[PDB]
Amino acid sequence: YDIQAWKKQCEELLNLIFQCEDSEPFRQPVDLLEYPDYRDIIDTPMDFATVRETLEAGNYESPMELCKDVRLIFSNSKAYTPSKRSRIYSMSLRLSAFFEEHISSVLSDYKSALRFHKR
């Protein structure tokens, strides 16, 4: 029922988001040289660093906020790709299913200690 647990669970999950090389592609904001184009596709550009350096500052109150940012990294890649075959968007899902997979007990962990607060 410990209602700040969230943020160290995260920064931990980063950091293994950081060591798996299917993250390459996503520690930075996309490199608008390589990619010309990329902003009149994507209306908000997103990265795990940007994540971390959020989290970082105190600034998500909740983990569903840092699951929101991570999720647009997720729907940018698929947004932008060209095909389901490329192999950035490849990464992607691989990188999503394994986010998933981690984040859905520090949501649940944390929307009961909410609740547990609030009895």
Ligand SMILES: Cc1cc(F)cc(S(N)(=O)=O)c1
Second form
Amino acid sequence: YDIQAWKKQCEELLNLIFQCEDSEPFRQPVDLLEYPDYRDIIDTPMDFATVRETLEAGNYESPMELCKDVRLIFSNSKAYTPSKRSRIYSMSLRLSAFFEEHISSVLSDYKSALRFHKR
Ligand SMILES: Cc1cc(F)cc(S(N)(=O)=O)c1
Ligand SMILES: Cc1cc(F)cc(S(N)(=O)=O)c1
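What would the structure be for the form deposited with the named molecule bound, given that what you showed me was the form deposited without the named molecule?
The complete assembly is shown below, putting the previous chain first.
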């Protein structure tokens, strides 16, 4: 019932994501020189370095907020892809599956800890 445990759990999951080859296109903001109309399609850019920095700054209050930003990385890939068979989008789908598989217990444990605190 540790209400703070999610933070180190999210740091460890981000470390696993960073060291996976599939995260390379998502480690830093999308290059606007390479994709000059990116901001005509994507309203809110997001990347894993921004998520890690927000976490380390103490600017997430819960793992739900972190999870919303990570999901935004993946929805941005889905929205910008011209095809469901593109290389970057295919990498995003695998990385999303890995992230969802691992974030589920982090969210459940945190919500259970908050419920116990308010019992
Ligand atoms: C499929 C996958 C993705 C990833 F980012 C990290 C791992 S591992 N072998 O470190 O658990 C596995
Ligand atoms: C930034 C980005 C994301 C994505 F999913 C797909 C593309 S591409 N190279 O197919 O235009 C570009």
